[PDB]
Every structure is written in structure tokens, then in C-alpha cells.
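Every protein chain of the complex appears in place save one, which is left out.
Going in written order, the chains are labelled A, B and C, and every chain counts its residues from 1.
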Amino acid sequence: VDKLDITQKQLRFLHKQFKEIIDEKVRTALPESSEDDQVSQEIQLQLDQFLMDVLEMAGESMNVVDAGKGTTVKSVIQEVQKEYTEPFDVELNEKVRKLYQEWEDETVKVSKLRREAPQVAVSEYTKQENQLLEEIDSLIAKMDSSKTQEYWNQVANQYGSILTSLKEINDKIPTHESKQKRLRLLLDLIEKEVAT
Amino acid sequence: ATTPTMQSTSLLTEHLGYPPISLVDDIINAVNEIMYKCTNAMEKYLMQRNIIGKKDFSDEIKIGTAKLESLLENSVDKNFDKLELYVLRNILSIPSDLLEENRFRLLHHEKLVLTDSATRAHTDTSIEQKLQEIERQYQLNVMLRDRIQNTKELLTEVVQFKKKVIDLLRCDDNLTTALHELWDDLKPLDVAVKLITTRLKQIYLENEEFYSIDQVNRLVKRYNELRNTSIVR
Amino acid sequence: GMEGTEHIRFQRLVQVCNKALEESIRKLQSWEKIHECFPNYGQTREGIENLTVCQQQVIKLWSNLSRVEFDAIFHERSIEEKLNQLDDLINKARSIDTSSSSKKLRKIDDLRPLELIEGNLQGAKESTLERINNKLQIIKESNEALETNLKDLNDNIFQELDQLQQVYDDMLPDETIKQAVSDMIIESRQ
Partner (left out) sequence: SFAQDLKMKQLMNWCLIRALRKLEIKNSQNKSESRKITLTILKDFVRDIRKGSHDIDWXXXXXXXXXXXXXXXXXXXXXXXXXXXXXXXXXXXXXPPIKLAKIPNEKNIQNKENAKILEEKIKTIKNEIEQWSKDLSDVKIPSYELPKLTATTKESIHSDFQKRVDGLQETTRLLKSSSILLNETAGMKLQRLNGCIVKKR
């Protein structure tokens, strides 16, 4: 196999002069103004982890002679790493938590509004604005609901009076026929002079 | 198009009542809390086991603590990264079909909407017609009361009037016209009045063969004045 | 009838969660990693006894309290109902309704601080209209029935009366007798 012995000062020296060159050129393709977000600064990171990949890959066919074999190599790449930056800015990260829990809470709030508010408004109306059943069911609750004798005897006496007239005229219709016959005979007897 | 994923996160953020990421974050923070408690508790509750007989092993434990710690921090962190990826992708994901079709809805949505103008105007309108029709039908009920009372009134009035006409005219009375049934044994009044009327007519002829008060009284006094006999045995 | 049997989803959540946990423990039930993290003290007999009862301890306790924490979260979120209701809603929306709505809207929110409210109101009042029309319709029905009976017995009045009227009409020379009594009265007397 191959075996390249290293000293911490060698590998860290190489790393630092690599960063020297990279700095030199990044300082030609752009002025010094730093802090740019997804641009410029993403490059810086990408180049860091790039050197991580390069040097880690290097330690595979190459060893160190200060501690046990290729141990700690990444700890010194990472110690020079920390020797740069990444101070977990407690204040911004605190802002992150505050606005993240605040985000959750406000979210839950708008949710329970989207439901609770319409449903309670309509509930209050549907409950009061149904008082038509005072009127309506008042209605449907109501819809289910659970000397002359003299005169009579007088017209009667008129009927009986007509009946009387009947019997009377019936008894007087023969008599007047007979007395008729008599008087017509007599009238024929005057012309004859009614003597002896 | 906004974003079908954003749409699923709004409908799910609303349904759930809490953001999906909140759940997975509770899972993570919880597990890692058990990782820290159990790390510094393995360390702590092992400090009493440092000495093994004579020499001291209190200098060879914190390397295991730190290393094992970082190892399972990264391992678990990534494993549950695949978890949350599975949760927010299969479990808590909605098919874009439904979101596009306008077919996905929530419990809130007994609701039905539209051109609010149409349903509000036609609603209020129709309801109002129904109300006035209610009033009309009620007043009409009152009319039904009127005609019920009229009905029964005519019931008693008619029944009494007719059982009267028959407890009176037919001579089938209770107080008055029982009299005798001889009068009514010739029940047709019409034929009777006709017969008596016409025979009376014939009589009126037999007299309207004139010679009236003057003709007869004068004929008489003439006769008598022509004298006769007086006296004989 | 409640499609998908509600579940199918919460179950999967359990699956992925617990599998990720147990497959994350893999390094504690394999003592080789402990030989890596304790080369010397791990070879000690008493020491490896300690780390044996202690590794078992961590698997047991870890798994247990972790699980009860997961169940506790599921209670915090009532996730069972939320997910069962999710699946149910999905399949119902797969197999219910189609044509009623001519054109549709965006279900995030066009501007829906109102549209939601006014919607719910207008629907509830549609229901109102429905029941009201039904109770009315009832008043119409009962009405026309009572009218039917009353007009029946009224035509029975008119019928009855008219009948018996023509009945006693069937049961019950004025001039010439006026002139007869006149001509006769002409005679006078003393």
C-alpha cells in the first residue's frame, strides 16, 4: 500500500495556504463587501466542505504521525474550521424560537377562528332567529281546537183553522144545494102564481 | 397555481389545528431529550462505577459519552429526517387530483356558497313569500271557524225546523195539532181545494142566473100586492 | 359506509415511527461499537458486566418511556381522529358529488374572511326556508281537507233544504171567485 506520514503542522499549513489562495482569488472575482445570503457566502461554505471532501479523501491513502494513524485529522480540519466562525448567535437563534412558537400559536389561533367563529355566529342566529316558532308553533299549537213556542202553536192554530173551514164548508155544500133547488122551484112558481 | 403543497399545508394546518411540522418536531425534540437525559444519566449513574478495585478509571468514560452521543445524534437525526419526510409526503399529503377538482373539503363545510347575491336575494325573497302565505292561511283558518259555527247552527236550526213541520203539519204534534186524523185522512189538500172550489163555482153560476135583491123583493111585493085569499079554514 | 375503515393512516404513522426508533437503536444492541468506545475499560470484566446491565437498562427504559411519550403526543394532538377523519374525507370526496357547482373556487382562500361566514349563513337559511315551507305546506293540506268536509256538509245543507222545500210544495180561480163574490156582494140587503 501507500503511506504518506503527516505532522499536524504540515496538514494545517497546507490547509491554511489553500485558504490563502482561495481568499486571493475570491478577492478578484468580487470586492470585499461580505454578508450576502444565498450568494457569495454560499460559495464560501461550499468551498469549506469542498476542502473537507478533498482532505478527508486524502487521509484515506495517507496517515498522520502525531496521534494514532489518521485519527484527529478531521478534528484539526474542524478546529481550523471553528477557528473561523459559526458562533451560534444566541440572540438570532432566540428570535428563531420566539417566532417559531409564535408562528405555531398564531396558526392554531387562525384555525380555531376559521371554524369556531363562523359556527358560533351561525349558532347564535339559528338559535335566536328561530323564534318564528313562537309565532309559528303558537299558531299550530292553536290550530287544534276542541215565546217562540207561542208563535209555533199559533201558525198551528192557523192550520187547524183551515181544517175547521174544511169541515164547515163540507157540511154547508149539500145544504146550499138543497135550498138552491127549493128557491129555483119557487122562482118557477112565481111565474105560475103559487095558488091552491 | 399558488402551490398544491401549500394548499395541502393550509387545509391540513386547518384540519389538524396545528402545523404538520409541529408533530414531527415534538417527536424529535422528545427523543433527543431522552438521548440527553440517558446520556448524562449513563455518565452520572455510572460515575459510582469508575473505580474497579485499585486503580482509577475516572479518566476513560467521557470519550464514550461524547462519541456515542454525537454518533446517535447524527444517526437518529437523519433517521427521523427520513421519518418526517415519510410523514409529510405519504401520511400528511393530499392528492393534487382532489385539490384541482375542487372536490376536497372539510367538516367546516356543511356550508354551500356561490354568487352570494343570488342566494341572499332569492333566500330572503322566498322566505318572505312563505311568511305572508302563513298569515293568509291563518286568516283562512279563522274563516273555517266562521263556517263551522254556521254549519252547526244550521244543523240545529234545520233539524228543529223540520221535525217541527212534521210535528205540526202532519198532525203528528206534541202540544197542538193532533186534533183528529179525520181532517188529514184525505191527505192531498190540493185535490180537496180544487173540488170544493169548482163545485162552488157551479153554485156561483146557479145563482148568477140573475134576479137579484130588487128583482126578487120587487117581484114578491108585486105578487102580494096582487092580493089573494083571507080567511079560510 | 365510512370508507377505508377510517384507519390505514395512523397505523402507518405508528409503523414508520417505531421502525425508525428500533432501527436507530441498532448500535446499542451491538456491543462492537462499545468495544470501539471503551477499548480498555470495556475489556475489564467488572466494567463490561456494568455496561451490560446498563446497556440492557438503556434499551428497556429508552424504548418504554419513548413509546409512552409517543402515545402522550398522540393524545396531545388527538391525531387518531384527525387522520381517520382525513382518510374518510378523502374517499368521500372521491365518491360524492360532481355537478351541482358550475365553476369552483380555490380552497386555500380567495379572500375568505367573509365567504366562509356568508356561506354558512346562506346555507343554514336555506335549511330554514326548507322546514318553513314544509310546515306551511302542512297548513295548506289540513286547510284544504277541512274545506272539503265543510263544503261537503254545506252541499248537504242546500241539498236537504231544497229537497224538503219541493217536498212540501208537492204536499201543499182566485180571479173568477173574486168576481163571483163581487157580483154577489152587489146585491146588498136591508
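The rule is simple: a residue touches a chain if its C-beta (ideal position, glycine included) is under 8 Å from a C-beta of that chain, and two chains touch if they have at least 3 such contacts.
The chain not shown here makes contact, within the complete complex, with A, B, C. Counting over the whole complex, chain B has residues 124, 127-128, 131-132, 134-135, 147, 150, 154, 157, 161, 165, 193, 196-197, 200, 203-204, 207, 213, 216-217, 220, 223-224, 228-230, 232-233 touching the chain that is not drawn.
The missing chain lies against chain A, touching residues 2-5, 9-10, 13-14, 16-17, 19-23, 25-26, 29, 34-35, 37-39, 41-48, 50, 53-55, 57-58, 61-62, 83-89, 92-93, 95-96, 99-100, 102-103, 106-107, 109-110, 113-114, 117, 121, 125, 129, 132, 135, 155, 158-159, 161-162, 165, 168-169, 172-173, 175-176, 179-180, 182-183, 186, 194. By the touch rule set out above, chain C reaches the unshown chain at residues 113-114, 117, 121, 125, 157, 165, 172, 174, 177-178, 180-181, 184-185, 187, 189.
Simple rule for what comes next: only the chains that are shown with their structure count from here on.
In terms of C-beta pairs in contact, the better-connected of the chain pairs A-B and B-C is B-C.
Note on chain placement: the centre of chain A and the centre of chain C lie 13 Å apart, centres being C-alpha means.
Note: centroid distance chain A to chain B, computed from Cα atoms, is 25 Å.
Put simply, the C-alpha centre of chain B and that of chain C have 19 angstrom between them. Touching two or more other chains at once are residues 16-18, 107-108, 111, 134, 138, 141, 169, 200, 207 of chain B. Shared interface positions of chain A, i.e. residues touching 2 or more other chains, are given as 114, 118-119, 136, 143.
Only residues 9, 12-13, 16-17, 20-21, 23-24, 27, 33-34, 37-38, 40-41, 44, 46-47, 50, 54, 58, 61-62, 65-66, 69-70, 73, 76-77, 79, 82-83, 85-86, 89-90, 93-94, 97, 101, 104-109, 115-116, 118-120, 122-123, 125-126, 128-129, 132-133, 136, 139-140, 143, 146-147, 150, 153-154, 157, 160-161, 164, 168, 171-173, 176-177, 180, 183-184, 186-189 of chain C touch chain B when the two sit together in their complex. Chain A makes touch with chain B in their complex at residues 103-104, 107-108, 111-112, 114-115, 118-119, 136, 139, 143, 145, 149, 152-153, 155-157, 159-160, 163, 166-167, 169-170, 173, 176-177, 180, 184, 187, 190, 193-195. Looking at the complex, you find that chain C touches chain A at residues 116-117, 120-121, 124, 128, 132, 135, 138-139, 142.
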